[PDB]
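Novice: Listed below are the residues making up each chain.
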Amino acid sequence: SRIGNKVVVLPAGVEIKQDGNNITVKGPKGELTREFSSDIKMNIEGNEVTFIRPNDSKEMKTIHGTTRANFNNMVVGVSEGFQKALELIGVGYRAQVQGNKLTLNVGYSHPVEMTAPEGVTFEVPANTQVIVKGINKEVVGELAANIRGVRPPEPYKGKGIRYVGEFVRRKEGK
Amino acid sequence: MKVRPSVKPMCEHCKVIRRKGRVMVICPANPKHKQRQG
Amino acid sequence: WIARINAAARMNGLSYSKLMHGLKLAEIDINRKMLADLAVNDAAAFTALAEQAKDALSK
Amino acid sequence: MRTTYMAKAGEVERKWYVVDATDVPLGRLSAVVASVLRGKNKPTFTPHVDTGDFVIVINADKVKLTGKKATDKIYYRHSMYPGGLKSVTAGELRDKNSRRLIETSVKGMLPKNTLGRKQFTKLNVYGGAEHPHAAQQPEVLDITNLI
Amino acid sequence: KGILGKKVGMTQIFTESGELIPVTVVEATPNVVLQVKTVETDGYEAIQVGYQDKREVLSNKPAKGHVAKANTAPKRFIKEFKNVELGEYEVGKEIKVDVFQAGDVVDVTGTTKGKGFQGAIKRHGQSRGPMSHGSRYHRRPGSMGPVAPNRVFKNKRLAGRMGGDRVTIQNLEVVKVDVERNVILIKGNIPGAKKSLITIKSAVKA
RNA sequence: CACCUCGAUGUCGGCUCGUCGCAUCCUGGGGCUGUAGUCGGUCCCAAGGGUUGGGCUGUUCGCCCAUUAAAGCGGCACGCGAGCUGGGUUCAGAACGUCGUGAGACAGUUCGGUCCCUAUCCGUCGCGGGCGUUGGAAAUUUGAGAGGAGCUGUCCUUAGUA
RNA sequence: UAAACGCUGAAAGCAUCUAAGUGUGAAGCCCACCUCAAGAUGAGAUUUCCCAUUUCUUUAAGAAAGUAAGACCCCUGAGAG
Ligand SMILES: [K+]
Ligand SMILES: [K+]
Ligand SMILES: [K+]
Ligand SMILES: [K+]
Ligand SMILES: [K+]
Ligand SMILES: [K+]
Ligand SMILES: [K+]
Ligand SMILES: [K+]
Ligand SMILES: [K+]
Ligand SMILES: [Mg+2]
Ligand SMILES: [Mg+2]
Ligand SMILES: [Mg+2]
Ligand SMILES: [Mg+2]
Ligand SMILES: [Mg+2]
Ligand SMILES: [Mg+2]
Ligand SMILES: [Mg+2]
Ligand SMILES: [Mg+2]
Ligand SMILES: [Mg+2]
Ligand SMILES: [Mg+2]
Ligand SMILES: [Mg+2]
Ligand SMILES: [Zn+2]
Numbered sequence: 002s003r004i005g006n007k008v009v010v011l012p013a014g015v016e017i018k019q020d021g022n023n024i025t026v027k028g029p030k031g032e033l034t035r036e037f038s039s040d041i042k043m044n045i046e047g048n049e050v051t052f053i054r055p056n057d058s059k060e061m062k063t064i065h066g067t068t069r070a071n072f073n074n075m076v077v078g079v080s081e082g083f084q085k086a087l088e089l090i091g092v093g094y095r096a097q098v099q100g101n102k103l104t105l106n107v108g109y110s111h112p113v114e115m116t117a118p119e120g121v122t123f124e125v126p127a128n129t130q131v132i133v134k135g136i137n138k139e140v141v142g143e144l145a146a147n148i149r150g151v152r153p154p155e156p157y158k159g160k161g162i163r164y165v166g167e168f169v170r171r172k173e174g175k
Numbered sequence: 001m002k003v004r005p006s007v008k009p010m011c012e013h014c015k016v017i018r019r020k021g022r023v024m025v026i027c028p029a030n031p032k033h034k035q036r037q038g
Numbered sequence: 061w062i063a064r065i066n067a068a069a070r071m072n073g074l075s076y077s078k079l080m081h082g083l084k085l086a087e088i089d090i091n092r093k094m095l096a097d098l099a100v101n102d103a104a105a106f107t108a109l110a111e112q113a114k115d116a117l118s119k
Numbered sequence: 001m002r003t004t005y006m007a008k009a010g011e012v013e014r015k016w017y018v019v020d021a022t023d024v025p026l027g028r029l030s031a032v033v034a035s036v037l038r039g040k041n042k043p044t045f046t047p048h049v050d051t052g053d054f055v056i057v058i059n060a061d062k063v064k065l066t067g068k069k070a071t072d073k074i075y076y077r078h079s080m081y082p083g084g085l086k087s088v089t090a091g092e093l094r095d096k097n098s099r100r101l102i103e104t105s106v107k108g109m110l111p112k113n114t115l116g117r118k119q120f121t122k123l124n125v126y127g128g129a130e131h132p133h134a135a136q137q138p139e140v141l142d143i144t145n146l147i
Numbered sequence: 003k004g005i006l007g008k009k010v011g012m013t014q015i016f017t018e019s020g021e022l023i024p025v026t027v028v029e030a031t032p033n034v035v036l037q038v039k040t041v042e043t044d045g046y047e048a049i050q051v052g053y054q055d056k057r058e059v060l061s062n063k064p065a066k067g068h069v070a071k072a073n074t075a076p077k078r079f080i081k082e083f084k085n086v087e088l089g090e091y092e093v094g095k096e097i098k099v100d101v102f103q104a105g106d107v108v109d110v111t112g113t114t115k116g117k118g119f120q121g122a123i124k125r126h127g128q129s130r131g132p133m134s135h136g137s138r139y140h141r142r143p144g145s146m147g148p149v150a151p152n153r154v155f156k157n158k159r160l161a162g163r164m165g166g167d168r169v170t171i172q173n174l175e176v177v178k179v180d181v182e183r184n185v186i187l188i189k190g191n192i193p194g195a196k197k198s199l200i201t202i203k204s205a206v207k208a
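Those protein sequence lines, which keep their order, are chains K, 8, T, M and H.
Each residue of the first sequence is one higher than the last, beginning at 2 in the entry's author numbering.
Each residue of the second sequence is one higher than the last, beginning at 1 in the entry's author numbering.
Each residue of the third sequence is one higher than the last, beginning at 61 in the entry's author numbering.
Each residue of the fourth sequence is one higher than the last, beginning at 1 in the entry's author numbering.
Each residue of the fifth sequence is one higher than the last, beginning at 3 in the entry's author numbering.
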């Protein structure tokens, strides 16, 4: 029952490069790098990676778990990437993507224009469905949150942008 | 957000946590249970 | 005198408190006026006194 | 007998030291530097005359602020106009003007008199590792053991 | 963009559509770039500009030497312009009113007319005291402050010399430019007495 | 309570001038809502600016009229009388009710009634002289630091849309 | 940056705005706009001008005495007072 002790595998052909800090991961989706802590020691197998903490102090446990999760997310992003799926709901709400530019008409007097960073892209399979797809989970989450915040859900009628499947309490406004 | 000196869980879903040195009660069920110590 | 003796003792690898403790152990009764005079003028003699103090402290 | 030595202005030779502030707590750096500037490190110390040495502080931008001082230690100053209180955090001063940070810390420790102000003028602080006072042939002053 | 001129005076002009607007006539005999300052030599970028040719007997050998580089007669007024493109300017270059066009929005700087020693009522627009009902308090500057400080706070405004200050009016409109007469007509009124120095610059706010 | 002041520390209100605190009246940001919307309620952050003209009364206060985005609460000797006023309160006159046998007095009212001072020092607002800034001069300048400014309505359109 | 809201994230397999990491966010803070400002004795910077004289003392950062560049006295005045 410990993320820090739980091992990390390397499916497909993901590669990892070590360095005093700034551990790097490479694979089909792309590359990633994070300045991992110098205290948690990483052991590498042909396909399995493990993290060990020097002791059992509060700080070592905390940093151990965080680093293991961070490395795991780096590998999983490089392998499969990440995606946030947003489902905008409204009478005339719609979305459309031109390249790395996303235009949202969500009831405001003006459209809302959003720009993806180089590591992220917008799919927009439909006019009411958006998908932020990237490699870095943090970047994907931040972009998805910004899109959602452009017009967050409201309780009475459900209008607004929602993460696909997120629960939305609805009040029975009179 | 109820800002008060006494922050306690109001229902079984309320969870007491600490953010930036302040005691906070965050409840996924009822937003009215959102409390901060202050 | 104490400040000057402190400076000289530090240059000799010793704090004023340690120096005076060592001198008392070594039975040296030279007072602070004379010690400050040696520190400013006769650095060699002051070093000899400091060495005796360090020897006494070691013992 | 009244034979105690009293230094004369101009007879004592003031040296030049270089102090690297990298990761040294601000206060401890200031304390050792203040003693040197006053001349407390030399036997010829005479309270009513200046006998300390010049100090060149380098890497001021890397001085260390333990705890939450970086954002919570506040330097105030009043313009003497009503409501003319200005404040700036120690962290902001370190990032933008670290020379002032070191100088203010050292000013607080030197005496508040004519001799103290003159002794302060012998202080030179430079964020970064290089200074223009090579002509004075300053020598390094390790302080790892002094702090 | 900037220029130095002399506040000739005020008149009014009929625009198209028949509207009537007040204009200030500012004459600017071609200014000359006397020096170019750079980060290399001075640490900041700007151009020194001279205006209003001066009689030689009114100039000094050091002043003549300074203007010799630009190869022009001594100038009465000299000022530095910042936020300009140094590449476009060189010592000896001339600046004419044609640098501006009608409809430009500019900031005009001048030195306010001096009123001399003035009381608080005029100088700071403070309220008089009652003129009757037994009042012996008409044009005085009010209370100096509360008791507790045992002093007077700074900025307790009082009588003193009024005017003669550097004042900038922002967003004035260049109504017209006459290159033949080196005249700029600026909508409105600008600080300074007639024949005083005036500095026109492209509005910073714009 | 009686610690400074009785070889005097001037008392209410108003005027002039403000300045500060935030427990915020408006404007700004936000959480919750028994928040559909327009309005709100409550709480959190926020003191940058602004926060009125009259009738009555000596008044503060308060009621009223008419506005405003708002008409905040307080400290500063209930700020500010060597800056002003002096209507009220505490002198001498006179009168009413009342008490007293009385002179008189208030458990109360009413009419009338001297507000002195040439700024020495600090402080504040302006303006010069001297010297310094390390050869002597003429100009132009960077900006350590400081001050100023900081408010807000209504209408139109988006849209009679959500 | 405040309140507030996060993203990722363990301690605590979950959850979690935080511990590390990372973001949005106010008429408020630092700028931005205006003015003063190197007596900022830390007295800054740039351009230009004058030129190394004379006499006596003493090696003196000596003294004085003519000046140079320049400034002022004095005088006519105002856009200044
Ligand atoms: K008394
Ligand atoms: K609210
Ligand atoms: K405020
Ligand atoms: K009235
Ligand atoms: K007040
Ligand atoms: K009076
Ligand atoms: K008084
Ligand atoms: K005094
Ligand atoms: K100067
Ligand atoms: Mg309770
Ligand atoms: Mg009035
Ligand atoms: Mg005082
Ligand atoms: Mg008693
Ligand atoms: Mg007395
Ligand atoms: Mg508050
Ligand atoms: Mg009072
Ligand atoms: Mg008074
Ligand atoms: Mg009777
Ligand atoms: Mg009574
Ligand atoms: Mg009468
Ligand atoms: Zn709950």
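Hint data in this document are derived by calculation from the structure and do not stem from the laboratory.
Hints may contain errors.
[What the hints assert, rightly or not] Here are the computed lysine to any residue pairs in the SDA-like style, where the Cα-Cα straight-line distance is at most 20 angstroms:
#1 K59 (chain K) / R19 (chain 8)
#2 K20 (chain 8) / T71 (chain M)
#3 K40 (chain M) / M71 (chain T)
Novice: Now tell me if each hint is right for this structure.
Specialist: Results for each hint:
Proximity of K59 (chain K) to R19 (chain 8) is assessed by CA-CA distance (about 17 angstroms); at most 20 angstroms being required, the pair is judged to hold. Between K20 (chain 8) and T71 (chain M) the alpha-carbon distance is near 14 angstroms, which keeps this suggested pair within the 20 angstroms criterion. As the CA atoms of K40 (chain M) and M71 (chain T) are separated by approximately 11 angstroms, the hinted pair is consistent with the 20 angstroms bound.
Of the numbered hints stated above, none is contradicted by the structure.
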